[PDB]
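Note that one protein chain of the assembly has been removed; the remaining protein chains are unaltered in position.
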Amino acid sequence: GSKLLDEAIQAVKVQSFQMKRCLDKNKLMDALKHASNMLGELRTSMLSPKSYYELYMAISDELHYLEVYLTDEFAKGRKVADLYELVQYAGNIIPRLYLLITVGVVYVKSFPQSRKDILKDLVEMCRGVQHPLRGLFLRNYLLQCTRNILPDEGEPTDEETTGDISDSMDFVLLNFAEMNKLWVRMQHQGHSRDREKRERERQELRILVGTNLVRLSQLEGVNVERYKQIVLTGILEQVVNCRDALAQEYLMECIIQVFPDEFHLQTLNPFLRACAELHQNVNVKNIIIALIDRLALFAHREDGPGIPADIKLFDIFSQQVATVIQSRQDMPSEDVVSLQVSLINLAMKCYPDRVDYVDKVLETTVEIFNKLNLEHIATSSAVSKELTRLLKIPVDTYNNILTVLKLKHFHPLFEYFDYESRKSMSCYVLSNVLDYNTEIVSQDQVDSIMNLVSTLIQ
Amino acid sequence: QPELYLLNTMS
Amino acid sequence: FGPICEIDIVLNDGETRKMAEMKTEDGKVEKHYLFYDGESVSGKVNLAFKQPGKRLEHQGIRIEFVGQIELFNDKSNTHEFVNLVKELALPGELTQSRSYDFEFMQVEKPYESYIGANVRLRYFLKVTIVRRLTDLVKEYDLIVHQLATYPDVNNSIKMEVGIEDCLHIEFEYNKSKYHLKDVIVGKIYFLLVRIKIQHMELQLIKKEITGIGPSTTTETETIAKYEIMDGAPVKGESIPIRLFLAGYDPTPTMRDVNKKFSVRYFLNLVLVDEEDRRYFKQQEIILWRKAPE
Partner (left out) sequence: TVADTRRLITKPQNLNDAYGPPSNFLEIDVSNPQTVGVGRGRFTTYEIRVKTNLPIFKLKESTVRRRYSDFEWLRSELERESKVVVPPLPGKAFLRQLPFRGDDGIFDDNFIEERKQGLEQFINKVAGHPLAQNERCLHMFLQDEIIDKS
């Protein structure tokens, strides 16, 4: 039908009209009774996640008019006594807690002494709402109201305030843990034949859980050592133990995106050990590639520190990607090779000077193809697509194409191609050595040019 | 009409 | 014509003395002077003479302080537990308006004023002018509250309850005895959950028990329904309770008042499953009126 959604937003507008009416007259308890009535509409189970999201956004806008009314009223000396207590009289819990969160943040601004206790309270009292959808949105409304007022390091030095960065990290990590719980819970509610619909519904709501990780990175006081010891520790605990592929895949990529590259370098071995622990249905390849891609862009960015010499990227990634693929049960051959592609790409962008690394990827790629007892690999096959794309990177990226001819294991990979692809790939490399002019060739590289012609003709 | 069930004290 | 005389009572401390409110039938709220056990009641009885020229032949005037319990709206069942008389005038006449002083010394008031369903307990001053066939009578009601201090012992109520191999829960309320503006701080902890729970609520229930022995009526009234959980928990899930009693204006617990009636309060924890089946556990709490400092 989708009438429900409209009927609800009608009733919202009716009650939020009479809300602001009472706010103009300074009839506060009459205002909050309509605020409660408005918030009554968030108690529904009939609305889908998309419909409900729209209804939440509507009601969130109206609550903001009430929030600012209170904030100003309190700031001009005319503070309402026992308002924190009073809103808790509401019989239904959803209205009660949205109102409690609203009144809460006002109290934090107006009474800095009570900040630690109130934040710690608001996050803990949300345990009331066990329903996945409504609880997710409640705990999201908690996170957004509190955005500005959480403890941090670059703060006003008012020495009657309470709570530090450690309380902020516990606050958000707890709300995170609870929101991920509710979101994984969604997988098992309802009837068993709507498994594809649920996973579509859960996907829509991934942003709500992800906001916690975002909120943690926005804390100025989260330095690299707090990230190492508290925040990533906090997150990885939830991620590996949730035993849910959708959540694992989303959140691991969400980490990569949200925190800076400074932190990623100091936490590589923990992150990649986590990748190996994920659910089999998780696309581990996409996590590792995305991480490598972010570190590539960090190497080329000047007016920045670059990569430390003590952090041996290639030695870490080569060794871990290997260990990750070991932990997979049935990884496609095409995927293994897509990682060899990005390992080259890592070595090229993070160590241009070190050609020996590029050849060690290729040597290890040969070992992969040699170890895999492989049937003749067609050009239509996906493995060939990737080995084509692998080999084109040294050719297309390097300045001097003579330097590619000095790679020892570049040519042995041609053995595993199709007849059709040997002819095309040999043509492509030789075609580039003419498109840019040739200097005199050294002993090793005269050998390579003839080997490229022998595969072309035969 | 509505089914009430007293929660037993546990051993 | 009208009435020949109109009796008015005025307490000596009628300006400074604090009043109190009482919820009667159909939501009405009467306000009367507040008294405590041991206080003296004293003031003036003022007779306004309305019909000048006429005369009022009486066989005496008195004033009574009364405290009584009324059961089932039945005049014949009323029992006075406190009666004090002051004779104000011998048999005589009244041509004009007069006023009489009265003082009841250090009056015992052993019970708190109550208005319920099958029981009222009230105090009043009753002025009576005795006449040949029909007495002029005027009542003047007073509230009495009974105070108490923080109790010697006040143990938290803590209890595991359940349905065998379906639902086990442990609940805890922070006290056994709560004052009238106190707060139920508590928690529900789920040990085993093999049913699908829709919501859980804490209720505050008022029982009013009247009569003696097998003569026992009970009147139940649910004063609060307070949702505390929305949705299905799993094992290891804690649910916080914070229920403020100021919002429901209850009376104190009253236990075997004059061996006639009781009024007792109960926290009724109620869970409700997806098929609307309802699981509950009742626990008595004592409510008490805190003495202000």
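Each chain gets a letter, A, B and C, in the order it is written, and its residues are counted from 1.
Definition applied: contacts are C-beta pairs under 8 Å (C-beta built on N, C-alpha and C of every residue); 3 or more make two chains touch, one makes a residue touch a chain.
Across C:32, C:242 or C:260, the single residue that touches the chain missing here is C:242. Among A:54, A:124, A:170 or A:277, only A:124 touches the chain that is left out of the view.
The omitted chain makes contact with just one of the residues C:17, C:79, C:196 or C:255: C:196.
Screening C:87, C:274 or C:284 for touch with the missing chain picks out C:274.
Take chain A: the residues that touch the chain left off the picture are 84-85, 107, 111, 113-114, 117-118, 120-121, 124-125, 177, 181, 184-185, 188, 191-192, 237-238, 241-244. Take chain C: the residues that touch the chain left off the picture are 163, 165-167, 172, 174, 183, 185-187, 189, 192-196, 232, 234-238, 240, 242, 273-275, 277.
Everything that follows uses one rule, which is that only the chains that are shown with their structure count from here on.
Centres computed as Cα averages put chain B at a distance of 31 Å from chain C. Distance between chain A and chain C, defined via averaged C-alpha coordinates, is recorded as 61 Å. Rounded to whole angstrom units, the spacing between the C-alpha centres of chain A and chain B is 46.
Chain C makes touch with chain B in their complex at residues 159-164, 167-169, 269, 276-281. Considering their complex, residues 43, 85, 88-89, 91-94, 96, 124-125, 127-132, 134-135, 189 of chain A touch chain C. If you check the complex, the residues on chain C that touch chain A are 224-233, 237-240, 242, 244, 246-247.
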